[PDB]
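Take a look at this one chain, the form deposited without this ligand, written out in structure tokens.
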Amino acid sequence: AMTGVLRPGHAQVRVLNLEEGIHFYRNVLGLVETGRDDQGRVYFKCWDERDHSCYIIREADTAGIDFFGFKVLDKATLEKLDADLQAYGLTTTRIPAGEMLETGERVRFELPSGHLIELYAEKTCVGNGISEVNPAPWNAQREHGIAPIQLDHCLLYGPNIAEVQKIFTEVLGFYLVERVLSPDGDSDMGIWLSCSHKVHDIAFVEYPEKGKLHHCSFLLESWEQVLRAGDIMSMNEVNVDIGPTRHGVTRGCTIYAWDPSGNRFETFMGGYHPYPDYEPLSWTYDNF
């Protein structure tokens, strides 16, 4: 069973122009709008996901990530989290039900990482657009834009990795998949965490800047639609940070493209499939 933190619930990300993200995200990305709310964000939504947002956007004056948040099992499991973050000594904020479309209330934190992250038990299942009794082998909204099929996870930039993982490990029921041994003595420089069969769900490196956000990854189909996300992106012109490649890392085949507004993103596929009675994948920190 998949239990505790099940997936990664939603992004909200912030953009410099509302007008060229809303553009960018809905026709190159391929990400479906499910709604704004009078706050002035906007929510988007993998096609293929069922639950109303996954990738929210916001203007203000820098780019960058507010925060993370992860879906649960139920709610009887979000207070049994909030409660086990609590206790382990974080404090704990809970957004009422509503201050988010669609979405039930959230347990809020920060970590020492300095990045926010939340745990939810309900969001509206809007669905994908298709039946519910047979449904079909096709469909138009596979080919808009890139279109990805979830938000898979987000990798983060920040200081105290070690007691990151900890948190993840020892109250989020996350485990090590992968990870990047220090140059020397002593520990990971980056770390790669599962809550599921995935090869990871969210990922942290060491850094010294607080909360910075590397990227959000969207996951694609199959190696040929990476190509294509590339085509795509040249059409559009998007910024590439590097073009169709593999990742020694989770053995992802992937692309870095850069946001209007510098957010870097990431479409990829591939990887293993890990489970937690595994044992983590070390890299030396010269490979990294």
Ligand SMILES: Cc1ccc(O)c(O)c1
Contents of the next structure:
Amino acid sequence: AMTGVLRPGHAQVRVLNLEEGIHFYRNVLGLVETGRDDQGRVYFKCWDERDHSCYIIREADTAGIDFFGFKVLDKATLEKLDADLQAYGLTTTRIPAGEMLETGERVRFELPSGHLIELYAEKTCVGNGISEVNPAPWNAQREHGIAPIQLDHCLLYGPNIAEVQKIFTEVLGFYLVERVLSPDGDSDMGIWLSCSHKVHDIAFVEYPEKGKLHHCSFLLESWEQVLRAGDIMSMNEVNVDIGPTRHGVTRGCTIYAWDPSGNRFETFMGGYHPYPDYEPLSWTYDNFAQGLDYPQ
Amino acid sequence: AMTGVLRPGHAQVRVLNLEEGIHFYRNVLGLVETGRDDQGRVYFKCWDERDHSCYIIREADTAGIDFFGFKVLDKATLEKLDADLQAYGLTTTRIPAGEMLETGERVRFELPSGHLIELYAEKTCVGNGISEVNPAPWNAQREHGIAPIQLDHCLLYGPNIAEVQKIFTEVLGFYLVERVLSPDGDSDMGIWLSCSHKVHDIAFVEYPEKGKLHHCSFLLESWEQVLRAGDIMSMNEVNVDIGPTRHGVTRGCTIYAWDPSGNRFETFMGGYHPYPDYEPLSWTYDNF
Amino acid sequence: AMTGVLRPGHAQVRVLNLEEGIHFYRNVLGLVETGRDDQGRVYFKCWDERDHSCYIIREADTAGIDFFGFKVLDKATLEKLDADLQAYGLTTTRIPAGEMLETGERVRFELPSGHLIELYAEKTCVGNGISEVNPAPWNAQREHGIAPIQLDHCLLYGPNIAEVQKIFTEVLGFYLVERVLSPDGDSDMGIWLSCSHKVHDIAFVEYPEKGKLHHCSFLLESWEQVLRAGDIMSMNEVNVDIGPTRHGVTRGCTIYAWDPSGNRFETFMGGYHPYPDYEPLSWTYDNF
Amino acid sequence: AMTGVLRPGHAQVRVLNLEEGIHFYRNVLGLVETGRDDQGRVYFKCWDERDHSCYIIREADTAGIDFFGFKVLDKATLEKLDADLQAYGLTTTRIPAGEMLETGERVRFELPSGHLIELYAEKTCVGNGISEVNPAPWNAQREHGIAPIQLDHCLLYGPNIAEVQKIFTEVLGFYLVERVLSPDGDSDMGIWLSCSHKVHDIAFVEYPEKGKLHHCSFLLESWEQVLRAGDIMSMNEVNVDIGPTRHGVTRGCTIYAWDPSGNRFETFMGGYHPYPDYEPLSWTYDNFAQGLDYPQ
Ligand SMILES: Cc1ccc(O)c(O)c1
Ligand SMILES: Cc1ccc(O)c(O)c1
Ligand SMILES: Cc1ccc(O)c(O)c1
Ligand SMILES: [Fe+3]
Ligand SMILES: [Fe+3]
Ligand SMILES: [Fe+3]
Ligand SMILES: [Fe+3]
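So the form deposited without this ligand is up there; where is the form deposited with this ligand bound?
Entire complex below, previous chain first.
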């Protein structure tokens, strides 16, 4: 069964221009807008998810990520984890229910890497736009812009990855799926963690600066959907970082692009199916180009 | 976190001709053979899996499924589940480690539907043919026969699916992803259960005769892999039940075919990503 | 170089309910409507084609095909073909330009199988909805309903297929790509002809009733588009003959579905690339 | 009907080492070796083609293309074209049958770009290994290495491209499918020519040096087959030039990779279906990069 931390729940990202951020994430990336609160934040979700939101933008003085949240099994689990975080020595903040639209109270804490993490058990279920009886495989939503299927994960850049790993694997019930070994005198330079049987729900890369956001990732259905994402990116003159290709790490096909404010995002699909009983895979530092781009 | 029952671990199926069975599963389905025991059973595993076996075939006078096993997180979980099964009212039998090659002891029990289910926490990890360091996405094994990636599930036909549902959801930690209503006599005629975030790890359909096996299912990479599987079946004179298509339930695109002995198996891919907190989808009997 | 007869130009089919015919062809199949004439006919084209029409519907009492036309290289070629058709022993009737919206004059004749074939060299070019400068690979149109790429061919049922083959290969510059042997009398019960390097531009099957239309066929981009077309059909309660699958007698995937009036159409993709110098492939009747 | 020049027939390429070439083309690219003559040349063909050869390699002190040939309808056609070429003002050479294994006589001539072109009508038909009766869609060969379907075309770099276009369109029966406009003072920097309904059977790009080969291209079945080709290249340490991506021109998906000797080749697929009555599409020079890489 899936217990404890279930999946990435939402990513709060700030854009320089809200208006063009709204247009981009709704008409280009194909996210479904789901509400706009009094703080000027607009909520989005993938057409296929069931919960109210998974991506929220806020016009800030700068770009980047405010926080990244994870939905847990239930309120009992939430309390349970908050307690384990404090027993571990981390200071937690309990954000009240309602602060975020259609969202319940959440437990927020800061990692050694500088990134703020959130844990919540409640968030209104709006459905995926498809009937609950005799549902079709998809609908027009699937063809609106790129239209990804779910917030798959995000990759953060910050210092002390080892400590971050410990909290995730010893406290949040995560486990190492893959790692990038730094130059001889081993220590993990990059770490891919899962709290399920997905290749990863979140990843971290050793970096001197803290609170850095490499990218938030969105799941696609097939390799042909990755191509189409690429075409859509070009049609909208979206700056692409790395064209359509495969990562060795996770074997996940992907494309890196930038949003109007410079926030990098990813549209990918594929990868194997690790379970908690599996041993992590490792990549040598010198061979990290292949782990990043596999064909190339 | 994935805890409790983790995933389908193995299916032991009966074949009327062991020789032809080994031939078909090794060449057509393209499963990797990993061993043969003294009883004459042959062990196979999908190439991308890491454990020693997931599909075992045993010659017999009748086709069908002997039992279906799920792997659990650890020994402590296995012991706990055994007690919950008994506390629930089910009789549990303990299979000694070693009885099945490279497999620890198992907790076996019989469902109201007639099928035998097993739980285990230990089974030797043999890997996926690829190195653990700087691993490649795939190798030649991926193109040997259909070459499915994992045993995905099975569909079992049994009489008391209502009580079966109770056991899987109330004892084993599974949950309802989808169901098929009964002629406005609204009872579930068919249920799809998941113990993870997969569309389903096992499924049952209401049926008068107990112990019936509808099919064991193997996962493929993509829709094009489904087509290739269809081509390979044809080159091998494989009897196909229903050509390549899409199931509304599960949304998975599959192909039903029969093995030489008459056992039906499935090669599919796709499906959404449900989670424990999701409500099940329903299908009207008439729209089945 | 491509010369003589170039490709299937248009197929005019009979629909029992004009309005519902327009709705199916423009919403489900996703063809682009290009005009309506004084006779009540509605014109469509595939989004990616460049000419004004490739598929015309006309309300009638019976479903079926009125005629199938091919576009030829130029006016000179058209004149030459007409003369050669006559010298061969066929009678030709010249239809004036404009008789069909945006269409030049046409050379029409009846095959021994009863079907009416037309040849023309003039058809207004309207574009594929994409700029001619810095053109994108596609646009919204490829996601409007099925959205096929081109009128690929048709399959006609008629008696006297052997004589039909002669006319096409000896007069129209076509060549045999594949054939289906007769039971053992050994003649051809079916033929797939090409006037390019496509697997087939038109095909025929020996059948008692003359002028029978089996289906018109539309080309798709990839195997996934075929799956998609399958889903759109189900969504629209479309009657499907045979679902997504591989042909074999042409090495291309496909779906046979029905028009609301009962006209079968095909959405497929794939196929190898034959050339005039290749020998035809053959199929035994039983294997067919 | 297809008449005149039917399609690309063969490319003879120079490799710096015949051994590394034979292991690479037969095992990595997945071509099928059909013969070897006493002159030290090894013949290859795609598994699905029917003729004896489409790709020939010869060991020399420099990489590059010796010549590119096209197959014509028949003998009469070959004579007609020879006469037309000479009547056009080009001198022609006749290579007797047999000079090349399993090949008939051919007409050779030089273009203003400095490339040697050949025309032939006779070449032994070996088949695709599959039966001619109740043939399967494919066999084990299509899973041998990349295993392309056909020699699709080649891209040649030279000068006097305008003169080259005139020869192919006014003499060899080809037509302009797409072109790349050169900065104001209209002329074409790039040209894609077809002698059938393929997006292109050959192309030329304006360049100083003469006789320069950009690459020979091989057709693949699908987008996923392109991804697989990239995976196989990585697996074989093959240096990749341009990762899996779409074009702009021709809509064709592709991957540019280098052989051991430095010769560039392409694994290609897709594209529309132009016909002789179609007007060519154009790409402005400034947009050339979208020309080569639509998505990025
Ligand atoms: C190296 C890598 C692998 C998989 C990802 O999703 C990603 O963002 C980075
Ligand atoms: C009815 C049904 C739906 C999905 C499946 O995977 C299956 O085996 C049966
Ligand atoms: C017999 C046959 C083979 C291929 C086709 O595309 C078709 O319509 C019919
Ligand atoms: Fe990522
Ligand atoms: Fe199944
Ligand atoms: Fe057809
Ligand atoms: Fe090329």
